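Only one chain is given next, in structure tokens, and it is the form deposited without the named molecule.
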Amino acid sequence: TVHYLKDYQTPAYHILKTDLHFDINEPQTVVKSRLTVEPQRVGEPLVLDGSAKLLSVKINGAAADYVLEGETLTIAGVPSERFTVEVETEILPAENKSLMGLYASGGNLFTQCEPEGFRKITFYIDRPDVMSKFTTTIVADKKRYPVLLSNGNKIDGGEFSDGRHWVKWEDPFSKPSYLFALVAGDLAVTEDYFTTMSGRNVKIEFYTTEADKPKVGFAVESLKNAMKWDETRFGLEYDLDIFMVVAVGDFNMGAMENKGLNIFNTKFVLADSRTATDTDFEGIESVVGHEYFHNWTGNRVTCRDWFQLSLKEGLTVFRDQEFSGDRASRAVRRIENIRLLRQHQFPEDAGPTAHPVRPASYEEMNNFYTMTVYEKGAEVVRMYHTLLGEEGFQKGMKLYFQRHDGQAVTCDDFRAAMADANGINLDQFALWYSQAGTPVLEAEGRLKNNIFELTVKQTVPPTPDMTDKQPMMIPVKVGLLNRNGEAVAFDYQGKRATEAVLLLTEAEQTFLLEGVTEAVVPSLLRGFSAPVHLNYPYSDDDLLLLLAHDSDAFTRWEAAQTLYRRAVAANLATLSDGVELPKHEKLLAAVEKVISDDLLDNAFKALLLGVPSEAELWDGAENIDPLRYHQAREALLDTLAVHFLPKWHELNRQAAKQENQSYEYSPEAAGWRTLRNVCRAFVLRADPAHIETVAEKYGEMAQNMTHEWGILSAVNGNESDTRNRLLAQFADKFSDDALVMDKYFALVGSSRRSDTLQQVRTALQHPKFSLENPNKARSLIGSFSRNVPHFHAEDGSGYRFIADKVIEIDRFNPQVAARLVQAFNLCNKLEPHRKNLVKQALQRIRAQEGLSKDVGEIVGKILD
């Protein structure tokens, strides 16, 4: 079974009111629904999705005539006018290892419903264009489950004489079933509040374990920031007087925006400086913001169908990005998002699972919570902002809400709202949603006369879903530098400025930048104005100039990225020839300039000193030997490490001074620590023996987790026994903190040491490891699958190990398994020896009886 966007049809039935009663016992939970159903197409059979154990079904208080086959319950004889359906289901939440539906975690109960987990609770029209008003009653043992939560306002509750108690929750906003949530547990609460701009207090409650409560303060501060920001930046106010956040350690996603009752992975909720890195704090601030931003972009306006996922995800990611950039370090953060997209989304678009931002089909919708839908989705939203500017973007947002508040709509609708509010034609912009693959821009420039003439071609490769790719609407932001690197003004079109957005809409166009009175090197795709590959013929000196003198963060960073890539290309050549490594004189000059430049933002400096990953390096290659790319990248890194050894120590010391013993999170102190950790990595590459000095002063240096993490990352590939000793000590020190234990397993899995496979196999049996925990599985096994020299070992050991775990995990958590199996996505592009072994691994996975639809869809994309 495949679902096709072209087959969309409005539902035959609407659900007006959904009344739910939960009776929680050991081990069984019994769910009783009362659905108020309104016929849209009278006389059609009523079709309900559901997979929980079915105990009874009634239409109007009388047992229904029905058939249940697979996960579809059908009632043929339904009234022609409003009627009720009552379903009784029974759940065993402690047996739910999929972490979808109602499930146990740490002795408490939690739900995850998006996209299709609610049908695992009760039989329902489980699709997002069906919106209903939910009221939830919950009965449970008071001592075991003192905390009983669902969406909305708590309107009643009481006690029973037998030790049980109940609550009743009313969510007055119509919602799709994927936004339902329930929590039952023995949990601690942290209370705070926000007062909206119209003067309404909103009580804030974060629920955690009793032990995790001291780590929740930063998330609370982040939420309040997010709430104020949505008001100041978007004019958006919260709509209830209560907002709850519940942390859970067993969770497949990062977090979930269920109305007024968000449920979060602990990793995006808990921090203190002793146990969490600066990046962890940054993540909490983004995701806390993200989920709150969904209250409007996803909840108040939702998705007509799951093909439209990016309507809420692309828009909400853009929102969280803008929130984080407005907080601090806009340019550095933009670069980080760009780097992420290029390192993870670009390979997706170049591979067998590539898809449009709005897919035309899917077998399993869990497989589409993807870098493309989220991050490329955000780049697509950002292009509206680039084309329209802030005021125009905000006009679009206002009309979007005016038109669609209370509706389940499509990407077309958001486009139309942006188009209409600004009096502009964005018909061609629709191809950003329907065409997969990364566009390639072929660029050439000429200064003839006083005119700089930039010619630009575009194509987009076929992808497995679609061969035909038409020209797209691509904004190219540009500037021009003279031979001393300063800004050169130009005319276009009628305006005299130092920067312009060139709107490419045709297969090929020439842009005339007129009135140019000096020799120029152009700066192109400024701010990463469109998510594309751009090829302009730059010389090494052109790149050095851009890197030294350009006013744009992205274009400066891109020039360094290009220099590193050419260096690695030059290493690949000499290593293939069996000759000495290249000298890299110009690159080393450029890097010296960066190390020694004190006008550079610390965190921006750190990015400029980062070398593109192996996947970036083999982008566009065939017959890839991943170990040859690894060796070449490693060589470059070691050359940089050794060449500038005493200068890495010096930068390290300069950063230490400037951090000034300010160990708590702040974006300012974080910038210096980021730089410090880059220097640490280089130092330990050049002088592995420095590990014993580090070990001797470890306590002294371990002033927060950013430092411990940065030290341990720096020494992680070191073949000294001291590296194993430091890891063991870390595990012992933080044995009681599950989120720090995640870091430990990530270090185990990610190590470039020769013995990583056997240490990973030992780690499977560590008392703190749990295969059934998504954070643990990803930390250990996920990191191994990404560990280039080990995953792609020539003997196939890495492929067999990962396939073994995809098989084993898929027996309880298809979502974790389907993500993990994508480590094999490079298959077709590998050299023949490895390719053969990968295809064997995937065939073996395919041969498993009972293989999930999730993993089967991916394997089929890679294999067939």
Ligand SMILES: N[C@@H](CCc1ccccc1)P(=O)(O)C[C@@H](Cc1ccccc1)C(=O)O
Contents of the next structure:
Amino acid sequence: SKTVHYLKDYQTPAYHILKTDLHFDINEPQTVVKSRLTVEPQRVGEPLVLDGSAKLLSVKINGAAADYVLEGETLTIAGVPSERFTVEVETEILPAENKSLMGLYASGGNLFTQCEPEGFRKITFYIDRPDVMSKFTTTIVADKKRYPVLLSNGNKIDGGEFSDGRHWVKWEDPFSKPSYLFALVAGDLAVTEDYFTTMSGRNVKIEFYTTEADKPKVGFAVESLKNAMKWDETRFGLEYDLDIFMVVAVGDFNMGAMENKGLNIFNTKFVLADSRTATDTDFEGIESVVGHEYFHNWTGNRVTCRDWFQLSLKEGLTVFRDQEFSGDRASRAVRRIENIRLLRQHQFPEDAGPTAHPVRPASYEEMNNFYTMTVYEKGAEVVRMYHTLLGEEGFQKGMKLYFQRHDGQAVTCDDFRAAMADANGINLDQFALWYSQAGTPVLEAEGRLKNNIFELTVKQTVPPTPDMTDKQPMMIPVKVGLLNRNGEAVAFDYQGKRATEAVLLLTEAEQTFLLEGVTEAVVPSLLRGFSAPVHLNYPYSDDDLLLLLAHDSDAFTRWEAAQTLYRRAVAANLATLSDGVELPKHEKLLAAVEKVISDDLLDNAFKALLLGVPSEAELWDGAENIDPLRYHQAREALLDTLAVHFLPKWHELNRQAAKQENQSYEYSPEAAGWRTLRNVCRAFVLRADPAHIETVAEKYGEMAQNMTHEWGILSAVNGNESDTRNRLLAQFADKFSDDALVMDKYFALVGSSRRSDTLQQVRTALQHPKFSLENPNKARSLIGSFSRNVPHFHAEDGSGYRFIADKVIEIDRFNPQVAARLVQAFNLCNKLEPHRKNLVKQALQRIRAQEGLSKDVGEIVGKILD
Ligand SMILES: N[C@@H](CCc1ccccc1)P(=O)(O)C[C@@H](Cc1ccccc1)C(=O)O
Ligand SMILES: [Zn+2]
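What I would like now is the form solved in complex with the named molecule, since the data block earlier showed the form deposited without the named molecule; can you produce it?
Once more the chain from above appears, this time first in line as the rest of the complex follows.
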């Protein structure tokens, strides 16, 4: 009797809602919501079924008290007119009691909403599904001194005052929308005003709302929005469609931001920065996410989702758009590698684990569990493959046809694919499998130069996943090139064209590609630009990898050669540590890294990436009976070797980076590149010479010229067993006690430390006056960081597992979304060595045994355990 939602069961709704008129009467403590729905029968005579979980005060049909039944979270009216009719629902909400941060809730003494995916039903009774689109008008009444700012979607068309100190506003959004895009804000908030003029000459008023204290940190977000608006015009030909665009910052928020039409609501983390309190990465994040939410105005809002299985239709596409925006801003190659690295570090384990799902899932119990790395980041890689197959011009032809066909509609992934296919006159039927088949495809490649042909044989395979065993061959673009003995590009003939690069389109289980007219011995460069989201196996020698790393023209393949050398070095460490003998010499790797360190032609941020070692999760990919501490030990040994071996050169590279930064402490991509390299150097220095922390501490103020430097130094020393580490962290918390986003950084350092005493420091931090478990940013920073802290989470005595399971249980009582994300710390369960596996299963069984456990957490626990 447990409810599962299946894509195969989709049916159009029995009723449409043409008009949604809302009235909010905000009081202390309760808010009363009145709705009036103009309902249009589609299947005449069916019962009207409304979703809702708010306290119900009354229901009318055509103005008279309705005969209805309330059952669970539904309201059913059996006796429906056969003609257009209205329904009026009155509900009552206590927003200060709402710690789920879905629906209408309080934060910092103000009121905010979050409705995606199914939060609107926590406000009123509604047909709360995204293929039902309605024109909203929203009236808000509140005390003026307490709630001077009253916002909802669209245009402000009326307002006024009452003699008792109350005031009101009325907002009309002329664009039909699904309920998940509804927003309301009521509060005492400061505003920052700006504008943008569209290419048709229309001014758009821009308003950012923040606390009074936070206002000085919102400027970069405003600038980023104007950049995003211009970019969507120049790159996609897309113009904004209202004369007002509002953004509201909120400190209590389950995700990063939300694209509500004309009234975006952002986590403070993705809108507030200055150089004193935010890192360069934080600035890049604001640019990315402000872009993302604005880009949803077309890819999400103007064209929306038929059903929640199609989430990647808007999210994969909009992530692709924010990636392209950021790459067009600056540093495209480095940013592309950053994106690839995040996918392989976080999404690949998802696809290999118990919660693996297709980009377009076929079923779900709780839709909030499917806002995933797969739907978003793999979703974006799928959209990018259209770009790779079609080119920018062809891709834009597809976009044009997509909007022509589907503006104002709620559609499917299939419709996006068809627009791409039809606009370009190409068959993309096989491409559909990128949406329906889960798992990381594995390509096995072999190469031979015989006659004057380089014959590249490639096989593909996709593993069964828990949802599906049968996996058919997919359409996989493999971008390639060839290097001669001196690492020079070598031209070849393919499909009657002589070039140095080609896209090989693998569509069968096994294919041979003939690169003809090759006049010299070659080493192939494969999967350039990470041209498909796959695992590629090709037999490279260490010397082949050094060649690629030294001379290849593609950023990804150069970086992947280094990643491979690191991976092989860790594997060699695993072996020696296991045999109880001396560590390997790693002579070739050390020679390779020396070259990278000493190369002054390398981009600084690219050099920093070449000096990064794959994470433990990457290293144990594909393994069984995993002891995570053995992998941690082997990785730490490699980092120690790199730190100590090159210690003088790490200091020298640091000095060179400092000189080039040139005291330009504000955010810019140029200065940030130097600081990124500097922070890599700091990490290695303080590994090799932990005593250097006292030298750092002595001159801390001189060093602390922005938060990128403070964060970089505190990160570097965070695992140091000196008392000074603890003192510097305490001083950081004191300095920045009043800045909640910097206190998030403090708590992340507490939870992530490799020091031996981290569990007890974490437990003390739970009682820190600036910590709140009910704040998702804080919970994520402290507890989330601890759950990803390999030696502590995976402690042999099980203390890490017991602690995280305790917190899943505690958090689930008020915020199931946060708890269900946290409990995925346990996803490695069935791949662990027996002792830890036993303890993880005990932890999961204890979570399962909780009375009233959320559907959110229960769905995840079932996938891991059952
Ligand atoms: N549609 C929004 C998520 C909806 C939601 C559901 C429940 C609770 C709160 C909000 P989004 O995709 O635009 C926000 C997204 C922004 C993002 C994602 C990937 C890259 C860059 C930006 C981040 O939170 O992952
Ligand atoms: Zn999004």
